[PDB]
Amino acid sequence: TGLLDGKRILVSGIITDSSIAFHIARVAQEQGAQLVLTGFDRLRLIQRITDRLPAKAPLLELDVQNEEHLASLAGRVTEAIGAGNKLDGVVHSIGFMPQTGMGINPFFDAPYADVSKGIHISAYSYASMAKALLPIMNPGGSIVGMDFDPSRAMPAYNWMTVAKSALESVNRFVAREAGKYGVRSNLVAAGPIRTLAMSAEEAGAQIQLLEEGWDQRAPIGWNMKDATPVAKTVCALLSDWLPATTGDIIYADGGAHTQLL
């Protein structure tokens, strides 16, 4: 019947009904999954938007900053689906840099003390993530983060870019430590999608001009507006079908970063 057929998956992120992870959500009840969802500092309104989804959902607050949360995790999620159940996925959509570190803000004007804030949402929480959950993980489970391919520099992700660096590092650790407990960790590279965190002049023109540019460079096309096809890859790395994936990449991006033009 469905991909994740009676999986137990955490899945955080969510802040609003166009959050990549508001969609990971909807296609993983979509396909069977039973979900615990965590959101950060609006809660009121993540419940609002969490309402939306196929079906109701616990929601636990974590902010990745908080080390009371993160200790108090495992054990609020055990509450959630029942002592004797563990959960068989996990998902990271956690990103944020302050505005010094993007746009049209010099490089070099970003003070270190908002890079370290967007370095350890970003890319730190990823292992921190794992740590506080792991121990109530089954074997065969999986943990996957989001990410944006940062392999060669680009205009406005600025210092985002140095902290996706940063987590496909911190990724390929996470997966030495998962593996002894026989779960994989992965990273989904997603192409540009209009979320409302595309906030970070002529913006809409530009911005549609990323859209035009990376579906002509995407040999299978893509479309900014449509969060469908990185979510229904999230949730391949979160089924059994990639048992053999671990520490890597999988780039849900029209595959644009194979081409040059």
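Residue numbers count along the first chain shown, from 1. So that the term is clear: the rigid core is the largest set of C-alpha atoms that superpose within 1.5 Å between two forms. Compared with the form deposited in another entry:
For the residue set 236, 59, 230, 210, core-aligned C-alpha shifts between the two forms reach 2 angstroms or more at a single site, 210.
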Given for the second form:
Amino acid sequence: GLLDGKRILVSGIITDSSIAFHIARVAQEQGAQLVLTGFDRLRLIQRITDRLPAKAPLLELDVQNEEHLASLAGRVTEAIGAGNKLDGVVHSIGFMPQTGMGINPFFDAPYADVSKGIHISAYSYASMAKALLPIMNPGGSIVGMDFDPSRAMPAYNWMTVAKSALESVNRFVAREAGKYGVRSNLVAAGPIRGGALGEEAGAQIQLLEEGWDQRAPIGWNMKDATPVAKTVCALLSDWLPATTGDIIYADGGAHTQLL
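Please supply the coordinates for the form deposited in another entry, as a counterpart to the form deposited in one PDB entry shown previously.
Shown below: the chain alone.
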């Protein structure tokens, strides 16, 4: 029971392929009690969440909706019971419009699209922390999902810029979370899975993603989300108690090897 008795909020479950779905599954298997969120279409999200090992309250959260943010802590408290607080929070919501990510030239993304992406992918990490830290226990852990943006790459374009901004936001969130005895960290995952993108972009992406398994000293299996879900659970646990403002790489070691 790695997370026995811990209460964890998990955002970002959209399908049973979502990385958040696997995080939730592994966390329940390890004894956690979960609270889940969804932006919209909650009857649809409930159908997916019913397939987790155990029941979990589902709460509405559109991170661009100020009222949802303002009521969130109260609604969680009602879900988990007065006097109870959260031990963990998982942010697995990243979004960039297609104009900012994919086939579109980098210069052709209008700022309104980039700003929406940054709002959902990076600013919301702070918004969630603001809402939830007042109901988190000392020793608790906020974990966000990242994809290493240290170097530019084809196609990821402004989503890479959004991840760069998330990395910086995480460092500031850690300062605020520290006042509660709470850690804030990101997990930088390898790619988890182009005909839709067309031939050029699809080949470029496939090369990019396959370099990962080539570089990773222990390999990288893009079809298996479990190693990333386990890492997140490690950070949610008591076993990384001195790590905050940081990035943990769940990428097969690929980012440490040039070729």
